[PDB]
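One chain is shown next in structure tokens, namely the form solved without its partner chain.
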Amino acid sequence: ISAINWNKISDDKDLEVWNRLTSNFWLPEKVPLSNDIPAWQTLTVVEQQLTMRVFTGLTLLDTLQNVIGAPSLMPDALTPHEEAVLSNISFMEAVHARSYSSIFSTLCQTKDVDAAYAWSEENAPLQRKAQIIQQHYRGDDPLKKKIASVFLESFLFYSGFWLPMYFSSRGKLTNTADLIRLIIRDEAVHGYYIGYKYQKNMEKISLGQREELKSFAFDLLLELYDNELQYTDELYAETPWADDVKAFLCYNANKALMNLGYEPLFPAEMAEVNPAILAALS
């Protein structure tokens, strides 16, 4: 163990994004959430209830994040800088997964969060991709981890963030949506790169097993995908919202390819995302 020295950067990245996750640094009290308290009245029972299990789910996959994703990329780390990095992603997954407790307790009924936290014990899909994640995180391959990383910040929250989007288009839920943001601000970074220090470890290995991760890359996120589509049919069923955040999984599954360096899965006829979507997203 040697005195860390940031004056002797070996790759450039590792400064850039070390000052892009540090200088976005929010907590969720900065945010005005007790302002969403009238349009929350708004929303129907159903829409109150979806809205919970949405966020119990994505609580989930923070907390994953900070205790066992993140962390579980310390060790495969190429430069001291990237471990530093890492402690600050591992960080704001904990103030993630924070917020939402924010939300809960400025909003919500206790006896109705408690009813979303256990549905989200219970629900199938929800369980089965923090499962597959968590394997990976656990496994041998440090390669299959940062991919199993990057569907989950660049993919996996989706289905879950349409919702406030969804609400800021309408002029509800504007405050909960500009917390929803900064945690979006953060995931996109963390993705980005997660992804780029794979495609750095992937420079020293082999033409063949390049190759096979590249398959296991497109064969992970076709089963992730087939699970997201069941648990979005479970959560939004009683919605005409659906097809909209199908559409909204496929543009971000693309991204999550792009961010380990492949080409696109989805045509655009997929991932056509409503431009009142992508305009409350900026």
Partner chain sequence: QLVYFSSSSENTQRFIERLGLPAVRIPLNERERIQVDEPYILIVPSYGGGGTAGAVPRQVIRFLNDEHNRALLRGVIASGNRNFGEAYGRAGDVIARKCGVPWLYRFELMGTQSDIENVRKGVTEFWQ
The other form holds:
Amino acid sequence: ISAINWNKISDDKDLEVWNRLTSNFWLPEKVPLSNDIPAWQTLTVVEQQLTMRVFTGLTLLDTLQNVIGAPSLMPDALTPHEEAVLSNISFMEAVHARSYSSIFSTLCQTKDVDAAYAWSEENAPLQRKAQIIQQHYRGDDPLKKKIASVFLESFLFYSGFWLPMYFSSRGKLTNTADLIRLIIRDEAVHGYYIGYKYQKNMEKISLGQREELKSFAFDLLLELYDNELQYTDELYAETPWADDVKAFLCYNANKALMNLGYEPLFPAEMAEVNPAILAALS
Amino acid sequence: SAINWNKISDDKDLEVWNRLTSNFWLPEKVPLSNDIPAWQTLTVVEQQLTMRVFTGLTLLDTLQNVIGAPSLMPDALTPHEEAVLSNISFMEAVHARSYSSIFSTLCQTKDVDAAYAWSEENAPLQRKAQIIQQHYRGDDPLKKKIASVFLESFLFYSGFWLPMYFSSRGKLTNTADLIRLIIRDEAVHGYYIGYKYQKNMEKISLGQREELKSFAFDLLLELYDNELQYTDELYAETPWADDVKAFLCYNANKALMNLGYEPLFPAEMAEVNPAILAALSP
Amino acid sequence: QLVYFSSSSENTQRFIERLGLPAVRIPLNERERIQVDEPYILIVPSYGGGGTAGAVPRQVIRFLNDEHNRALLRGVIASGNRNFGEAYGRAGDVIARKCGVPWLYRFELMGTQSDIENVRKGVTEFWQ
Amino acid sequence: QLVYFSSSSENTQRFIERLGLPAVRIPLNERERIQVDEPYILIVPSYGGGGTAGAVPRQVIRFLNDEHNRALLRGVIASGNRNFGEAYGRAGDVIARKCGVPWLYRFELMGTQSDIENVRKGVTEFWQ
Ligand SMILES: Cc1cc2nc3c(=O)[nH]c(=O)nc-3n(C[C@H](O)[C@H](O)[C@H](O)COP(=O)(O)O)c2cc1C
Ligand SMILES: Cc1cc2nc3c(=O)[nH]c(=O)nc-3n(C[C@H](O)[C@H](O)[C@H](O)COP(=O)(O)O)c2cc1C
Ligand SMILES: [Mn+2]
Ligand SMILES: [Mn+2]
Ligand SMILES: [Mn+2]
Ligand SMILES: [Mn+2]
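Alternate state requested, the form solved in complex with its partner chain (shown: the form solved without its partner chain):
Shown next: the complete complex, the earlier chain at its head.
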């Protein structure tokens, strides 16, 4: 353990990302969520249950990123400045998780929230997903953890993030959408940075080991992809929106792969998103 | 499991989470440039001491960021406890980063690097760093919380004495403002970790508490003796040695009170010059 | 007589156990309300952090907005931490400024041996 | 001819390696400056985050504010991430609005297969 010197930087990216993530600081209290109450009241029962089940699911995975995800990456930092950025990432994962509770508190009835929580506990595809991710976090290979993390938030999360972006384009729950855009803005930098360090870590291992990890990543991606199709089908079962959610999943999967330095795998047909969703994103 | 901020077990987690998060700050928000004319009036002895003090505090804050707070996470009682500990951890990086902001604005690189080398060579500083780290790697959750509270509610104040002293003389007033933000964080840090130590005391047997009380006071006095030596080597060419030691005794009593213990040092040992106490609280 | 509030951390609670003087505690549970029948000095910990008016705990405000207890208030002592800068003992002068009563003493956490000493001598000389 | 900048993450670098078209890179080392003697389209990544002007990388500015290189600039293509909301491809329209040259394309990270096909068809049709 050495005394950190922020005026002796080894990798310029450490300072750039530190500065970006810190000055991007936000709290769920900054967003006037209570203004979405009238728009919430106009939703059907199906749409209400779906929203609550989406966020109860996202709370689990962000808690996982808070407690196990980001802490597990810390021992494998290349610079001391990298350790400090991962400390921020960890805390912001708690802010992410905390802000989903702000939504339930403002909009929803306690009885329905607990029902949605109990639904997420019983949901097999969700639990299978969370067990795969943390299996790699508890593992001994530092590079597989960095893959698992990028896949989780740069790709898997977007099965749930689709919903508020859809509501946004319809002019409903606009403040909740503003909240989610702050999370998404965090996660783009999280994926970029962890993906970047993945590539830096690969620059000190043999070429044969690199190819072994490339085969692993694409196998893991397809494994999680097949499981997420099942998760989408169970969530959006009461709606006719599943195919559109699946399109949005393939679109981000490509970005997740590009964070790690690999080419996009999913072709135009599969990754063709409804333009209103992309418009709500930008 | 999925964290729920609407199902709070210990009401103190939410209060501390809200305080620490809404206290968020960055060294860039403090106008350190206005202290450059004040810095140029300080003598060679005073400047050398200032740099040696902050390089020492950089090591200890980094230790809190990397090992300190993260070693308290698996020993948490509630899920909300882990989310607060994420924040403490992150803010230790901000603390450590802010000392570099001071060096950048005021000091010269040859003098700064010499100070870093001095901190590497210093025996009491390394001894303090080793002893605290030793308990974090340990298997006892109760001793971890003792070491953490002692470090930042007591030991740091041998260094924090200097900015407060300059503040009472009307020098480096903006630097002291930055320090008061770090001090404000640590008062909450020590309070919270001390409070959680007392909640952990409820589960161990009546006789087991008596052994921890003995250990705490043993550790305090072992570190106190080491901090006297560290103080003497720092303030060697200044008549302020005895005033810093009184400020240590005053803060040691507060560290004990955070853990729920009687103050050990009597009034005549802990009597600080009112100017130092006025700089801390106007 | 002394009336006080203390959170689950029980810092002000341990101060009054070490003080020795008989006192009544403002309940931690917000539903239960306690009533006092004689003139008293109030001992309250600060929880402001900054200057957002919320320095005085909720259980104390509910105790003091009651006209019966408020009329019997004679003085206030604030506890806290010097590390909060200008906000050290903020609950003291806020109650003192609103009710008109004087702000008597100011101490940290559980109180030092000098603190208990000054509160013992202070309270008796106040009544006289 | 194409002129481009890429960081140590090399997202834009891998787009041009997969583009196939002849291109020259703006040096990562800030001290090293390059000169271009032909008309070009500039491909640049965005590093804004928000709206504090600093969307264009530092090495690109030093390339552009040189009168020799600026004159031969004909168009600009931006890369980035849609997740940055309104700030997606901010470096593109900042160079466009200032220099007066049109903003041609907008792609994410390494660029999709669609993007590469769109840029190949776009570049040839631009010189026409
Ligand atoms: C969230 C929080 C805010 C606080 N704000 C202040 C403050 O503004 N001024 C002060 O002097 N002390 C402040 N303190 C310190 C407390 O006043 C101190 O710990 C006191 O001993 C608490 O007493 P109790 O345990 O009986 O509740 C604060 C503590 C916490 C946890
Ligand atoms: C600190 C930071 C800020 C960024 N800001 C933006 C932005 O404002 N708009 C945008 O579209 N992309 C933004 N991005 C995403 C990058 O433009 C994207 O990762 C790009 O592909 C990087 O290319 P390069 O590796 O060649 O440098 C940002 C990335 C980082 C790390
Ligand atoms: Mn997250
Ligand atoms: Mn993340
Ligand atoms: Mn600290
Ligand atoms: Mn601390």
